[PDB]
Each structure stands twice: as C-alpha cells, then as structure tokens.
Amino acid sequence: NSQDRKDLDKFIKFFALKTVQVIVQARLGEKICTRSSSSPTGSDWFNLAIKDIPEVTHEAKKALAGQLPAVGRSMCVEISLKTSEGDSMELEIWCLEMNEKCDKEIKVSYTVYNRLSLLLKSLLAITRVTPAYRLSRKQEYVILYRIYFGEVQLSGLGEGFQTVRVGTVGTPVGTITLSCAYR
C-alpha cells in the first residue's frame, strides 16, 4: 500500500499542476493546440499533451509549497480582471477540493490515473464554455491569475455567482472534486 500511495500522491500532484496549466492557458487570450503522439515521451501526463509554462509551474509549486489537497485544504485558481480604471474584479475561482469520503474499492494505480485523465479532458472543455473564456480572448481589459491554498472564499465573486461542476474522481484517500465559481 506504500508504493500505491506514493504513486497516487504523484498522480494528484501532477493532476493539480496540470489543472493549473489548463485553467491559465485557457485564460491566455490565444488558442491552445497540441499534437498527439503514437511514440510519446515520458512526460505526457495522463496521456494528454499539456505544455507546462515554467512561470505558472513556479507559483503552482509556491502556492502548494510541496503539499497536496486534503481535508478543508483545497487548491484555488483565481481568474481576475484589472481594467483601465484599476479596480480588481474576481471573475472565476477554480476549486480543486479533496473530499473526506474515500473509495477503498477503486484500484490504484491507473483506475484513478485514467479517471483523472478524463477530468482534465472535462476541464479543457468546461474552461471554454464559461463567460470568462470569451472575455479572455476578445482583446481595454487584462486577465490576472493567482493560485492559493486553504479554505475557499467566494466573496469577491459578488452576490449570485453561478457554479459549474467539472467532475469528481474518487480515490482511496478521498474523492477529488473539480469545480468553478464565476460571476
């Protein structure tokens, strides 16, 4: 069980690293396009071609501080807008929680691994069908991103924000939940 969780920690770590890439690249103003490979490389996580932006990797690792989501401790990617006036506005908070309840029957490694791959595919899809997407590409305005870690605070979204469930994946340590709250 010790190796399996060492593997699962790695899977969750790189899932979190990769969701931050997907979310930020989708708020990047330009279209994203990667290529499949029948002869892949050893760093195509979850059988998906997601190019890491170093600077984004940096503060994904500074935010996590070498830690992983858990109880009451959930990773958040905040997409914001600074206008010509300079007043900030919280557009979306992307939330990767790690619920308490577990799935002791789900067989690590690659059941979880393959289901996290599907969730990154769901995340690629949902990241283009929220209003902050079309806003981030129609470019006057600028988009800001920021990653932090703990309890989630939805206050800057304003009263009445909507939420989108991206999906969930159950693991023996708890079930991951990926969602978004946006104004």
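C-alpha atoms forming the largest set that superposes within 1.5 Å between two forms make up the rigid core. Residue numbers count along the first chain shown, from 1. What changes on going to the form deposited in another entry:
- After superposing the rigid core, the Cα of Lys104 is displaced by 2 Å or more between these two forms.
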Second form
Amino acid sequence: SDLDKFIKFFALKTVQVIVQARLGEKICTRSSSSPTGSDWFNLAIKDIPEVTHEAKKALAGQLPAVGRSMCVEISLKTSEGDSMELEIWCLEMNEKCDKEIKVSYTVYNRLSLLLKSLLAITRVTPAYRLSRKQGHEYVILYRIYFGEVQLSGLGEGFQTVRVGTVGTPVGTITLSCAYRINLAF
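Switch from the form deposited in one PDB entry, shown above, to the form deposited in another entry and output its structure.
Since only the chain itself is given, any partners or molecules it might have are not part of what comes next.
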C-alpha cells in the first residue's frame, strides 16, 4: 500500500522537523529543481540518524490509529537536574472516518502541506525561543512514544494549537501541539 508508506514517512519526517526545531541552531536546506533522492513530500528535510532510530523504535512497525497516537514530548532539564515538560506534539488518526478520494499525488500533497504548517508552527510556540537560548542553565530534551495521549505535566492553562488535518481513505490524520505557557517550579 503506497498510502501506508506515505503515512509512515510523514510520521518520521514530523519527528525530524520537531526535533530539529529544538536543536538550538537555525535550520537551512537547499531547493533542487531536480528530484533529490530519498527526500519525501517535495521538502528538503534531512534525517538525523539518532532521531530516525528513536522514532522507528517507538512506532515499532505500527501506524497511528484510535487510541494509538505518536507523541513527541519536549522538555527542559535544568543544570540542577529538575525537569519540566514544555510541549506534547500529537499525531493522531480517526477510524473509518475517510473521504472518497482522488489520485495518489493529492493526498501526498496534502501531507506535504501539513509538514509546511508544522515547519511554521514549530517556530512560534514558546519553546522555540527557549530552545534557541538553551545550553547553559538548561538543555532541551525530546522523547517519543506511541500510545495514549497524556497531557499532564504542562501546568495550568496550557494551550493547544492544531497544525492541521488530512483526510484519507482510511481515516483522518490530525497533528496538534499542547504547550506550557507558564514556566514554574
């Protein structure tokens, strides 16, 4: 199934974009008029090998489904050792909640657009500027899990932003971020 393939690599690239947005370094990739080998969704998104490993390890050959979501947790750890959850990115899927769809490039392009939205949004949540200022009194960490969404740990009044949704013949994909707005000990 070409579609299962699309969803797998969309998940993998989602993790890459989020983790790379939290590295503390500006990201810059080049365009190519010619199709680049093993870039997906017509976006230049380089793969950090260690991140691919953790992502595949968490997925364990599964794709998102009801009650089974891919979550990327972004946290802050102080130099004293105290840890604080900053963000939970959630990639979810609906069940036999589909659309009688068109040719393959259409759904592919919609996933592409969702990754572009993710690129934009990862730069405008509070953790972005925190991640750019990391390295001394704190560091930014990530963790990936696959299962039930738990939004505890984000403190009172945490906000949620919907990055977007993509309908497919097998269900609706949804990508969102829940994020802490008050840093507190």
